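Next up is one chain by itself, shown in structure tokens, the form solved without the partner chain.
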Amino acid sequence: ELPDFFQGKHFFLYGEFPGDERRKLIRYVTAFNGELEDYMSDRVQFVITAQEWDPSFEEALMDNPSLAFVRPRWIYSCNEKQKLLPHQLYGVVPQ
């Protein structure tokens, strides 16, 4: 049956995604009981982005210290393993 290891986690897909990769990311997050937000807020816990570190990311953190910025490969890898993998292995950082 369908796994739900994303349960209780709020996602926000940020920026541009090629093709319909946004559609497939929405599907995997939804399938595993994650919750997608239409707008960025303090209720967001994971920002999924294919773009590199944005000056706005630091602004979002000043109100949401627990916020995590992760690559789309985290969602895929969680699907490959059918298991919640650490977001730290796919994080986005200012370099």
Second form
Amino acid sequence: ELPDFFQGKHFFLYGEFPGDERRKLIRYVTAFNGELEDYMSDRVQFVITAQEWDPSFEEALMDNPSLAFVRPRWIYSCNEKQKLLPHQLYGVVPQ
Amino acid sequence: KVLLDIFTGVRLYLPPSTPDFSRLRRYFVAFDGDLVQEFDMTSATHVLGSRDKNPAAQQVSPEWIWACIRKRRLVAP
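Switching conditions: you have the form solved without the partner chain, so give me the form deposited with the partner chain bound.
Full assembly next; the chain just shown is listed first.
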């Protein structure tokens, strides 16, 4: 009987993740009823990255104002506390 | 831990024609399952539905997936 606190939320995993982190993120987002996208689009609500901010982030922002850029630790800790934690705690911003 | 590692190491092709496909897939993947994509279908450890093609895999059932997750381990087909 699985929790559903990612339901309705569209995720895109951008870039390369270490080891099996990509598989783990897929597992957790799916488990909590998140919808993972094969491609970026203005329907994506959360980009999960380990990489740093690059101009394509800003380009995606100008086309989707509510988009948020978050680190994989958000997903991990959401699993650990079994709750929807505020993604702002793990955000990616320009460097 | 709520998400137990049950289907670790198993590669299952889940055809989209399967009833209750989305929930079945969600729970299977949530408990460490590994879905195989269509073109990579012939090389998979289990098949859900029928042994055609890839009879080298092992046939199981959605009932099998649910029974595995409720017994909290792997089990007979």
